[PDB]
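Next up is one chain by itself, shown in structure tokens, the form deposited without adenosine monophosphate (AMP).
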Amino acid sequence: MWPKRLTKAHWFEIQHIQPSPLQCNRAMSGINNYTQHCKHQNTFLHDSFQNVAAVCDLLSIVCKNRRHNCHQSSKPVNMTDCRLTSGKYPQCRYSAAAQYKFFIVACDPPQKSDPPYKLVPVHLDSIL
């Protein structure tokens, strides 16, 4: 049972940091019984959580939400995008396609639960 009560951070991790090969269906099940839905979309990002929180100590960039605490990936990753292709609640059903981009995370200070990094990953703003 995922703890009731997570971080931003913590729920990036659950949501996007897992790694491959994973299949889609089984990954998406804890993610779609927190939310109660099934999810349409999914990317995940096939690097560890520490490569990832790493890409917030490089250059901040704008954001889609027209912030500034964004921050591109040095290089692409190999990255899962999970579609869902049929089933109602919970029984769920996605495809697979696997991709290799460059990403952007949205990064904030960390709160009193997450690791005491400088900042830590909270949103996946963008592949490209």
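Numbering follows the first chain given and starts at 1. Basically, rigid core = biggest C-alpha set you can superpose within 1.5 Å across the two forms. Compared with the form solved in complex with adenosine monophosphate (AMP):
Relative to the superposed rigid core, the position of the CA of residue 20 differs between the two forms by 2 Å or more.
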The other form holds:
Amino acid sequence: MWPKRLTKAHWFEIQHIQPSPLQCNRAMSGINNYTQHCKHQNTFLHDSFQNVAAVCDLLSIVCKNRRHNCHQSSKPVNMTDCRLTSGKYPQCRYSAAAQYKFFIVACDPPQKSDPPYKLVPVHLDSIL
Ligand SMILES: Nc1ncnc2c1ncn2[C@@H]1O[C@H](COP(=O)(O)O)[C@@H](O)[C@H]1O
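Return one more block: the form solved in complex with adenosine monophosphate (AMP), after the form deposited without adenosine monophosphate (AMP) shown previously.
Zooming out: every chain and molecule, the one shown earlier first.
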């Protein structure tokens, strides 16, 4: 199980960080259990947390919400997009779709239970 409250960066890793591609239905059961509903969609970045956190130190750019703490990866990355096809919670079923895209993440200061990097990724801002 996960604690009563994880940090935003830790939830970002649980939700979007799977360096090895896996099965959607398998990898979604944890997230849907923490949310108590079948998540309609989620993107898995096939990269190490160390790699995605390193994007936080590249040039800061604008986000969708017009905040300015977003950073774009310098290179495309492998991804799998899970899509809720059927099933009632907790029996959520998904279809997988591979992608090779750039990503933009929003970063913020580490919270006191996160690793002490200058910045940590907390939100998958966009795929492009
Ligand atoms: N543009 C943004 N800049 C900074 N933090 C954000 C941004 N969008 C979402 N967040 C944070 O990311 C968390 C949720 O992200 P997510 O679950 O990926 O939607 C919350 O703690 C938000 O405050």
